[PDB]
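A single chain comes next, written as structure tokens; it is the form deposited without adenosine-5'-diphosphate.
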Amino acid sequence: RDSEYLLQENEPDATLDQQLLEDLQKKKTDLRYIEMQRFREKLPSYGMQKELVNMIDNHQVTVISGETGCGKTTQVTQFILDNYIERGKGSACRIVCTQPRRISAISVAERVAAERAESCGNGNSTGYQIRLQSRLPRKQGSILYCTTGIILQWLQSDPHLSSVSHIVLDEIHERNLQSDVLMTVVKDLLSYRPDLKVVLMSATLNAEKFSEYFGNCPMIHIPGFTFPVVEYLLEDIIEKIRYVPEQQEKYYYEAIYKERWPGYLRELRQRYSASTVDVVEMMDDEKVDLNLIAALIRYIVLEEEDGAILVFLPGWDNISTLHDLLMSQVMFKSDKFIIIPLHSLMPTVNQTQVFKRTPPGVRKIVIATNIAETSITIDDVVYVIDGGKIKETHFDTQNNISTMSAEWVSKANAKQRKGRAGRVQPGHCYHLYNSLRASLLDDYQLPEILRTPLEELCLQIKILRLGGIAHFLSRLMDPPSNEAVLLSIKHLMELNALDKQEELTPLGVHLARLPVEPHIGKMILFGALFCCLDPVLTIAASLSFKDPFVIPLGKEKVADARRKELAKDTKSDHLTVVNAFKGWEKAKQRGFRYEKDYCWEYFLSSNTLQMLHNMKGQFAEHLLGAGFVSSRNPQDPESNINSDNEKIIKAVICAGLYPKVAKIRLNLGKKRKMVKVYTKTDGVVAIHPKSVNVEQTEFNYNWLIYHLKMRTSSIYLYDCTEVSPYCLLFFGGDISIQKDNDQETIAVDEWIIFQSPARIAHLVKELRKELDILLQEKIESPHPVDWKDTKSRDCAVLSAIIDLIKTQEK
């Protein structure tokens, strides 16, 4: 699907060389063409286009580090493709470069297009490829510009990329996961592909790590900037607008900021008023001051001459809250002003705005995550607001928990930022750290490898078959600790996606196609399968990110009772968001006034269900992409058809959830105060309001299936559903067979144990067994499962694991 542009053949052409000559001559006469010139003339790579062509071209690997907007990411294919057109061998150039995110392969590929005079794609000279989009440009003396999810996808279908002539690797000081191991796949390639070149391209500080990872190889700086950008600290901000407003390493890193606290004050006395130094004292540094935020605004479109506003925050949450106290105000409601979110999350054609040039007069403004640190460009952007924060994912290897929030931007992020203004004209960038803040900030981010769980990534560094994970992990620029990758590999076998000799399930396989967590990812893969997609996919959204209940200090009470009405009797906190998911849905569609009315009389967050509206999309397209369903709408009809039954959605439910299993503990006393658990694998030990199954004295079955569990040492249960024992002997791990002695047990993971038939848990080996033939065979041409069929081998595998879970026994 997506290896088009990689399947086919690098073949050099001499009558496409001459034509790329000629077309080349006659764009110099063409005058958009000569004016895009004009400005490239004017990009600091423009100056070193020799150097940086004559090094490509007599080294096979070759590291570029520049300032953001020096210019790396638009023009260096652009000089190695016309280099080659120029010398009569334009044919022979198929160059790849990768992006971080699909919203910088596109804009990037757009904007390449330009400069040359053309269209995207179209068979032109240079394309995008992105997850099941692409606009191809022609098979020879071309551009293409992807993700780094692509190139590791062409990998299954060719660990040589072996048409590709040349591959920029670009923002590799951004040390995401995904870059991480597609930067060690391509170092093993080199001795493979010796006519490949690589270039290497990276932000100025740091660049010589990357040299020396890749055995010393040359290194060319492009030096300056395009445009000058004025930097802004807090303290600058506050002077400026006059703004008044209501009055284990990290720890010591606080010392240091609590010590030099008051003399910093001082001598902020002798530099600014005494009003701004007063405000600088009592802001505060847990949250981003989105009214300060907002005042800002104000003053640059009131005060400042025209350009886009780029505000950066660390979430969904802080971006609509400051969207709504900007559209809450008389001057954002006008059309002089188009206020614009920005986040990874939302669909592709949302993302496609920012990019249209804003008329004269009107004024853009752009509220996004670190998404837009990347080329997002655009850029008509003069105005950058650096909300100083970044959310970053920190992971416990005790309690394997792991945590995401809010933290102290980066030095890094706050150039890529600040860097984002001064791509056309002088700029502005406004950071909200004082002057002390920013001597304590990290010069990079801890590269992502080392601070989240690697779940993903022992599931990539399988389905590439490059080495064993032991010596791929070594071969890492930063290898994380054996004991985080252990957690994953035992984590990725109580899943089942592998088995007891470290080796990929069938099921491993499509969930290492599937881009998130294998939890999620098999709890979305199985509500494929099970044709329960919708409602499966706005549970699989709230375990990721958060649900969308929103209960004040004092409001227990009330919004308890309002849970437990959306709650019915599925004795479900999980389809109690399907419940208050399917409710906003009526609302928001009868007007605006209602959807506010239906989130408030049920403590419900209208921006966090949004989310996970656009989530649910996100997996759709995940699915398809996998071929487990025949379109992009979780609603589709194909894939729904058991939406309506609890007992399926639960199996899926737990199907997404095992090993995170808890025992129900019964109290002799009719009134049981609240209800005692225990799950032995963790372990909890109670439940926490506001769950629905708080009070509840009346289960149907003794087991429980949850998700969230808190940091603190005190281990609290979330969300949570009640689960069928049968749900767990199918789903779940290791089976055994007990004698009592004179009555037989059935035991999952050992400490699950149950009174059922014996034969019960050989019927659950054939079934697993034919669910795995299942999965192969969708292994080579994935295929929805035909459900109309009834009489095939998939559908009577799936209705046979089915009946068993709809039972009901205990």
Contents of the next structure:
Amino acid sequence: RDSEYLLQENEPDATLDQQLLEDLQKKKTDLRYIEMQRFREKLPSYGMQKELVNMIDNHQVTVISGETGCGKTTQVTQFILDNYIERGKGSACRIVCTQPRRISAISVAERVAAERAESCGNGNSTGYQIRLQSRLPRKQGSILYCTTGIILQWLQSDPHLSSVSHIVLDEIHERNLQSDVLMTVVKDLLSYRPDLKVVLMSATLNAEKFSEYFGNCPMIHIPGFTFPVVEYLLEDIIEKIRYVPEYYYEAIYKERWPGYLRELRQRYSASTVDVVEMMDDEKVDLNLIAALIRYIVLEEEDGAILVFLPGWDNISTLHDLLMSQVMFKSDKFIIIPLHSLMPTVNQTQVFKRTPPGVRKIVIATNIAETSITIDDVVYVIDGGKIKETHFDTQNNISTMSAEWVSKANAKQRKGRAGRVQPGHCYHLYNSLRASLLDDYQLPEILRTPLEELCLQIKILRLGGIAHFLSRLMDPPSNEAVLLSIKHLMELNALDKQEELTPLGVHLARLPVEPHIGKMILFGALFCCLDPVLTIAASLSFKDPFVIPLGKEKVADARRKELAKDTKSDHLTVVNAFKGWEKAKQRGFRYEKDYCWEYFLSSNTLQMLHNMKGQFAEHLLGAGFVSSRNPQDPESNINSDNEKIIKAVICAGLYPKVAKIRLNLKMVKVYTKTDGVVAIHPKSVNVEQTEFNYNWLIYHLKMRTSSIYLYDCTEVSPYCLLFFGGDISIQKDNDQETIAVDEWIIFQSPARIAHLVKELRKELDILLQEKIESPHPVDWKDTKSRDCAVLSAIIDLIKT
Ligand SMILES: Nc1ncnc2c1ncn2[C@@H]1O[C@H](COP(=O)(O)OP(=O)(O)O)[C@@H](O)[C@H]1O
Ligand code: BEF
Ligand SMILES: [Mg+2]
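Since the structure above is the form deposited without adenosine-5'-diphosphate, I would like to see how the form deposited with adenosine-5'-diphosphate bound looks, so please show that one next.
Then the entire complex follows, led off by the chain already shown.
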């Protein structure tokens, strides 16, 4: 699949070595190649070419540091390949370089291929590989850029990466979950691959930490800058444009704040100091960014503008803020949003050159803060904040919030300029803020739920989790890992012996959290993909409903209207999403009337539509669907059955179950984990007193003191029975009852418990046979074993 380049055999031969050597000499007479080499010789890395190659040749692991844009990503790979070609051994090269994101892997590969007077892929020297998309280069003497997630998937097919001669772990400052796992796997692989060469590269790095981690491996610094970059703090921004607005470290900030303002009045005008005093540290001043953008386009020379915002809500707000002005309405400006949830085609448009009289303005998240080179970028506006997930060990609650940027992220955002020409960087934090920023972000493995971490360790068969944790550079706490083990058992991704179930194997192959992975997996298995992908897309990210001030009464009445009789916050999103798609088919003006009428965000809805395509791609690579279309008729035979959908929701939401108590009109809700809870007023089941079932499933909790259920749907006890935990038959002599996880009790014939035990087992056999060669369930086949098992589960859910 995505392992076509890996499963080749590194077979060097002298005949190809001679062809590559002759091809290099013919390139040296090609005008397009010669002009590219003229630019390459100007890079700081070109002076270090002999030193870098000689050091990588004499040591197995090498740490390379250098200023942003000095040439690490695009030149080091070429230095290794061209050195082998000139030595008559070019075919022995199989260089793989990792990039943290798909936009980095694609654009860098296109750039390197262009620097070598070649097209990307097509059996040339350079190509790329990402999820379900690749331009593969030739077999021998080639360079392949790819995402770190591709290498992790490669380890499932070849844990030794046998055909790879050089692996380059690039942008290692992005200490994400997958990068830390891959780095620890490579370290263990060194002794088993004495012929392998490993290179570690970043611009903002505690290099000594990485060298010591890799057995005191040698370090090499690439000195020099490509182009200067002017840096501006908040005081410098307000002074230049004359802008007037129309936990313990904060105690240090408040303590030094009055003296800082006094020292600031001696270096800046009193008006700007007053503006600095009333600036808000809670959120990014989008009015200030827009005023700075206006100053750049009206007073400064030509050059694209790149803006860094924490999330999607900030990007769309600033975009509407600029588009509401006459100046940015015209075609002299092209405003391009950039979000990770966008299709890859939309992300690449940022690299397209603009007409000479047209100014490009890119509004991006941290997706654009590393690696990528945008040609015309001269001005970088750093909002100073970045979305970060945070996890508390005491209570199972994870929060996404806009946090102050670290010094490393700021240097990477500043690094997006000064690559092809001089630049300017404006940081929206004051000097006192700068002195209190951390050097680096906390590694994601130290501040997020670790269910994906544990699934990743188990799928690679790296031995016990305890041993692998001790080998990580920054190991998480054992209490956080045990909580993940408990959650994975309740999801039935791990059995009682902490071993992967068949379901857990497929969840480990899905690059999302297992709760979402389990929901989208059974949506494909039960042929209700489109409504389930919509629900999953809204559980991640956010729901499309908005509530203006004073409009709470009318907005609630709209939501209860869209819910019909489903008693389901998640089926309400489906109906709101479907009604939105039907309004788009009507027209653009009537689509806006629909969103305003029901208080729906067209921006959020469009983002949910993009997430649905990304979820379908994950299931496509996993082999559970046959196309990238979330509305493919193959996977939507049961998409208009409310009961099957609600079961798939329950499949993903368990064990987040709530029990309803009615008193003859009072309704009380209990969740076992936190006891009594209430229903959040935004939900559709707030004033509900008539329930067909006494059980709810939820996804989001809020406290807010007394626990509130953000989104909940009523669910049948037979959905909790099948997708639940342990099943026990309780005998009261007077009568028998069935229990799920002891507390979920309901009157039911005891033989149903035996049926569920047998149907769960057949589901495991179905998923087991899907492991070796995944194939979507052919629901057209009435007399098939896979459909018979799934039909029996469906009949149990319906009755
Ligand atoms: N798409 C491109 N168009 C023009 N120049 C580019 C492009 N990509 C890279 N470059 C030039 O090549 C240099 C090397 O970039 P890169 O190797 O990514 O630097 P680093 O790895 O040190 O961040 C950049 O400074 C830039 O000037
Ligand atoms: F160091 Be480069 F900007 F990736
Ligand atoms: Mg780089």
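Take the two forms, find the largest set of C-alpha atoms that superpose within 1.5 Å, and that set is the rigid core. Residue numbers count along the first chain shown, from 1.
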Of the candidates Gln696, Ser410, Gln353, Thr204, the only Cα that travels 2 Å or more between the two forms, given a rigid-core fit: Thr204
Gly263: Cα shift of 2 Å or greater between the two forms (core-aligned): no
